[PDB]
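Presented as C-alpha cells, the chain that follows is alone, the form solved without this ligand.
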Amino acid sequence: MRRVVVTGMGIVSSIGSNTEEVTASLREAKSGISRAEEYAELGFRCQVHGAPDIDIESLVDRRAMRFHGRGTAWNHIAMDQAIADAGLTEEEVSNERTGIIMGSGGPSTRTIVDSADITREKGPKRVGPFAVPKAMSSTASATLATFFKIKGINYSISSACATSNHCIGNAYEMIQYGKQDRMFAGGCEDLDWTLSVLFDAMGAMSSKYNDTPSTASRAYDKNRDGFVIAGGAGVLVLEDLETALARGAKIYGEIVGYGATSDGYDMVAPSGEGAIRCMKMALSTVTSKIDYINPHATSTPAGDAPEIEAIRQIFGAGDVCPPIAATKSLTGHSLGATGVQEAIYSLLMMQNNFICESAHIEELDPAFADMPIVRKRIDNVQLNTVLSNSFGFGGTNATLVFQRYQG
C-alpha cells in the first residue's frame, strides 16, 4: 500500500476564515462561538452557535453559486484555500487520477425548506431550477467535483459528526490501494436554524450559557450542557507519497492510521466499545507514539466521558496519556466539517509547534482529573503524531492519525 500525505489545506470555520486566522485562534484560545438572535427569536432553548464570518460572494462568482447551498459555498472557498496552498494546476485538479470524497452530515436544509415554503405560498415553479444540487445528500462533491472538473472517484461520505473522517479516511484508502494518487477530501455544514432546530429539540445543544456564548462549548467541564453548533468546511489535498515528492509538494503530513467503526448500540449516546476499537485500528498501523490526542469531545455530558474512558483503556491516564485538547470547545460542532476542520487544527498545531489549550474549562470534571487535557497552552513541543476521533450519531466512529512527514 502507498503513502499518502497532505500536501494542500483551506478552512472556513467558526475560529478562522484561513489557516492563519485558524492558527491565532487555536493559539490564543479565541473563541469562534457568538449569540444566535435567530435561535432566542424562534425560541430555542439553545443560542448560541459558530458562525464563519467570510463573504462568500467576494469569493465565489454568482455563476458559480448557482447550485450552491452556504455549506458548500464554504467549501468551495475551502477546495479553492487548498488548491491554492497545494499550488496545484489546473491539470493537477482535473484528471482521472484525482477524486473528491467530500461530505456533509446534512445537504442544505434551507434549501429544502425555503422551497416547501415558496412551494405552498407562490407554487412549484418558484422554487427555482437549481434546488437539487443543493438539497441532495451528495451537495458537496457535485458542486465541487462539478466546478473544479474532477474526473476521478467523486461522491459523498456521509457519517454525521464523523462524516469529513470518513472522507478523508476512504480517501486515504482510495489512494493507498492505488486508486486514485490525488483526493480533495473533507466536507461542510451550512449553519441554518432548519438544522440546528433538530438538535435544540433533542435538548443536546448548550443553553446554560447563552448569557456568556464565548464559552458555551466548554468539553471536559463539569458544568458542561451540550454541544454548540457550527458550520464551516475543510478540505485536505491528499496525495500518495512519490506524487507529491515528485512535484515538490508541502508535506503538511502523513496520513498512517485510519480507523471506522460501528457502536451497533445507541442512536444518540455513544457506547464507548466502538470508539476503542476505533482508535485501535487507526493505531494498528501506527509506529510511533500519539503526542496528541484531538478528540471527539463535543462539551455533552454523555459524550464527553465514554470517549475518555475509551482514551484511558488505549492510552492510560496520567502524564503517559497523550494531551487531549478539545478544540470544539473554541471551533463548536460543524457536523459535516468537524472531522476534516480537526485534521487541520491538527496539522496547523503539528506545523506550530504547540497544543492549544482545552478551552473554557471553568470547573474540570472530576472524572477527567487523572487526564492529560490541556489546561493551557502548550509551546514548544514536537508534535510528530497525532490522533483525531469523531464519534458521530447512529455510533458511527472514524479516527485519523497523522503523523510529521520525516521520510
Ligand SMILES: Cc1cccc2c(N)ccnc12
Second form
Number of protein chains: 2
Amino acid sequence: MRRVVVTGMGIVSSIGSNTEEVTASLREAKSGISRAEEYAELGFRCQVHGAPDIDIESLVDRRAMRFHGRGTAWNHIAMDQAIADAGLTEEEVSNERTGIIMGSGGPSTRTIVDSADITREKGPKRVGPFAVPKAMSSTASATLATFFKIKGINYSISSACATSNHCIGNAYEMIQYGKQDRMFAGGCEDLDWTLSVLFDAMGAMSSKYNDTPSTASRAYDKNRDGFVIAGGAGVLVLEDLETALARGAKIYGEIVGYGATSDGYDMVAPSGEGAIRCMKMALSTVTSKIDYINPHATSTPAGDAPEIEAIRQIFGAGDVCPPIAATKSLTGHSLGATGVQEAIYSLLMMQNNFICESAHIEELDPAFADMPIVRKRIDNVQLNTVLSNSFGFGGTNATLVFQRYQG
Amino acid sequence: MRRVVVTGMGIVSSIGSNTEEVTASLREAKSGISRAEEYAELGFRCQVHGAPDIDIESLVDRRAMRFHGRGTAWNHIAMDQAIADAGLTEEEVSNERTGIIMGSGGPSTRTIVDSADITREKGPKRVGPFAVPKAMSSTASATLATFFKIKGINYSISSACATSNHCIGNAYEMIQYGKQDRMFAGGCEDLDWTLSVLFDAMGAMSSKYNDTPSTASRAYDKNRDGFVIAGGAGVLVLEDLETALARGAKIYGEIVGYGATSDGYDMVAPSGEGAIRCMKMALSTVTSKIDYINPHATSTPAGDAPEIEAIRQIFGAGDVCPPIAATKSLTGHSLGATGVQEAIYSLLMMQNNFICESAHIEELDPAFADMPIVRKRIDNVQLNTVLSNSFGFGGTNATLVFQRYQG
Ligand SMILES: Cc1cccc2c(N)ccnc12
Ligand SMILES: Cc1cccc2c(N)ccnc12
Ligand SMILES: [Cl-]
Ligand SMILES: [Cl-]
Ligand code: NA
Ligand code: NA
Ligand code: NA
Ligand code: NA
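Moving on from the form solved without this ligand, kindly provide the form deposited with this ligand bound as a structure.
Everything in the complex follows now, all chains and molecules, and the chain you saw is the first one.
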C-alpha cells in the first residue's frame, strides 16, 4: 500500500476564516461562540452558536453560487484555499487520477424548508429549478465536483459528527490502494435554525450559559450542559507520497492510521467499547508514540466520559497518556465539518509547536482528575504524531492519526 | 484481493414488497406507477409516482420505529428480508467483521418540514426528541447499524441516483481488501411531496401522461417527457467467497467489476464521456461477455441518449451489443434506492433466465433504432454476466457488474 500525505488545507470556522486566523484563535484560546438571537426569538432553550464570520459573495461569484446552500458555499471557499495552499495547477485539480469525497451531516435544511413554505404559499413553480443539488445529501461532492471539473471519484460519505473523518479515511484508502493519486477530502455544515432546533428539541445543546455565550462549550468541566452547534467547512488535499515529493509539495503530515467501527448499541449515547476498537484500529499501523489527542469531546454529560475511559484503557492515565485538549470548547460542534476541521487544528498545532488549552474548564469534573487534560497552552513542544477522534449518532466511530513527515 | 459474492437480497419497491412480487412484475411488465392525487392538490405539473404498497406497522414494531422515517423503515424491512434470505445467525449479523454501508439520496425531508412547521406553530419542544436521526444524511446507516447491533464499518454514501451503487461498490472494496468479511449494502428513499416538489419545480418529472399514469415512465420512447419519482429500499448481503462457501450460502452472483467516475461538467445533464470511463473501469476486471445491460435510463429527453452513445462506444450497435432493458419504465426512479434495486432486478432476471421488456415504448426514438432495446420479454436465456449503471446529479457515475458463480 502506498503512503499518503496532506499537501494543502482550507477552512471556514467559527474560530477563523482561514488557517492563519484559526491558528491565532487556537493559540489565544479565543472562543468562536456567540449569542444566537434568532434561537431566543423562536423559543429555543439553547441561545448560543458558533457562526463563521465570512463574506461569501466576495469570495464565490454569483453563477458559481447557483447550486450552493450556505454550507457548501463555505466548502467551496475551503476548497479554493486548499488548492491555493497546495499550489495545484488546473490540470492537477481536473484529471482522472484526482477525486473528491466531501460530505455534510445533513443537506441544506434551509432549502428544504423554504421550498416547502413557498410551495404552499405561492405554488410549486416558485421553488425554482436549482433546489435539488442543495437539498440532496451529496450536495458537498456534487457542487464541488461539478465546479472544479473533478474527473475521478465523486461522492459523499455521511456519518453525523464522524462525517468528514470518514471522508478523509476513505480518500486515504483510495490512494493507498492505487485507485487515485490525489483526493480532495473533508466536509461542511450550514448553520441554520431549521437544523439547530432538532438538537434543541432533544435537549442536547447548552442552555445554562446563554448569558455568557463565549464559555458555553466547556468539555470536561463539571458543569458542562450540552454541546454548542456551529457551521463551517474544511478541505484537505491528499496525495500519494511519490506524487507529492516529485512536485515539491508542502507536506503538512502523513496519514498513518485510520479506524472505523460501530457501537451497535444506542442511537445517541456512545458505548465506549466501540471507541476503544476504533482507536486500536487506527493505532494498529502506527509505530510512534502519540503526542496529542484531539478528542471527540463535545461538552455533554454523557459523551465526554466514555471516551475518556476508552483513552484510559488504551493509553493509561496521568503523564503516560498523551495530552488531551478539546478544541470544541472554542469552536463548538460543526457536525459534518468537525472531523476535517479538527484534523486541520491538529496539523496546525503540529506545524506551530504548541498544544492549545482545553478551554473553559472553570471546575474540572473530578471523574477526569487523573487525566492530562491541558489546562494551559503548552509551548515549545515538538509534536510528531497526533490522533483525532470523531464519533457520531448511530454509534459511528472514526479515528485518524497524522505524523510529521521525516522520510 | 478476495472474491466477493451476494448471499442474500431484500427489497421494497413500487413493483413489489419482496423478491417474489418483484419477479412477477418484471416478468409480466406490470407497472408500479400510479396517480399522485396529493401532487395534483398541491399544484404540481407531474401527478404520478411509484409508491410501495406495504404495511410498515405490521413488519416493524413500534419501538423499533422510534428513529425511522418512512424510507429507513422500508430499508429496515429490506434488511430483515436479506438476513432471512441469507439465513444468518444473530452472531453473523453482529460482529467486528461485519459492517453496513447504507445510503439515501436525501434524509427524511418530511421530518425536516414537519419539524420547522411545528416549531413555528407550537414551539421547538414540540419537535420532539427523536428527529435528528431521521433528518441526518446518515439516517439509513445509523438506524440500521444501531438496531441490528452492527459492530464493523458503519456509514452512508450518498451520490444522488448513484447512491446505492456506490454503497455496494465501497462495501465490495472493504471485503476485497480484507477489512470486513460480510457487509450489508444498499439504500433507500422516502416518497414525499416535500422531496418530489423539488424535482417538479425543475421540470424534471413526467407531466404529459397524468391521465395514463401506468405508462408515464417510458425510457427510449420518442415522446418520453421526464422521470417518475418513486420510494423504496433494497439490501444485499455481501461476503468474501470463502466465508460464503464454508457456511453453505446461497450465491446469487459474484461482484466482478465496479466503476466510479465524475463528469466534471454539468449539474443535471450527463456528459457521456464520464459514463464511458465508468463502464470501462467496471469492465476492466471482467473477462466474460456482458449478457444484459440494466441502464440508468430514467425516461428523460436529455439523459437517455448520452448513455446510449456511451454504450455504443464500448459495445457497438445492434446484435453485438448486449440486450438493454430499462426497468425504470416499470418502477420509476427511487433516487437513493435505485442502484441496489436495479442490482436486485438484474440478479433476479439472472436467477430466472429471462430479460424483461423495456416497457411502454409505443414509438421508439429513432436515435436508438440501431440498439438492442428489448421490445418483448426474452425467455429461456442463460444470463451469466450483467451490468448496471446508475448516474447521479453532480456528474457522479457508478457501474456494477455481477456474474453467475460457477467456481
Ligand atoms: C496499542 C497502543 C497503545 C498505546 C499507544 C500506541 C501507539 N503509540 C502506537 C501503536 N499502538 C499503541
Ligand atoms: C472493454 C470491453 C468492451 C466490451 C465488452 C467487454 C467485456 N465483456 C469485458 C471486458 N471488457 C469489455
Ligand atoms: Cl436506541
Ligand atoms: Cl452546472
Ligand atoms: Na411564509
Ligand atoms: Na477530534
Ligand atoms: Na401547520
Ligand atoms: Na441500472
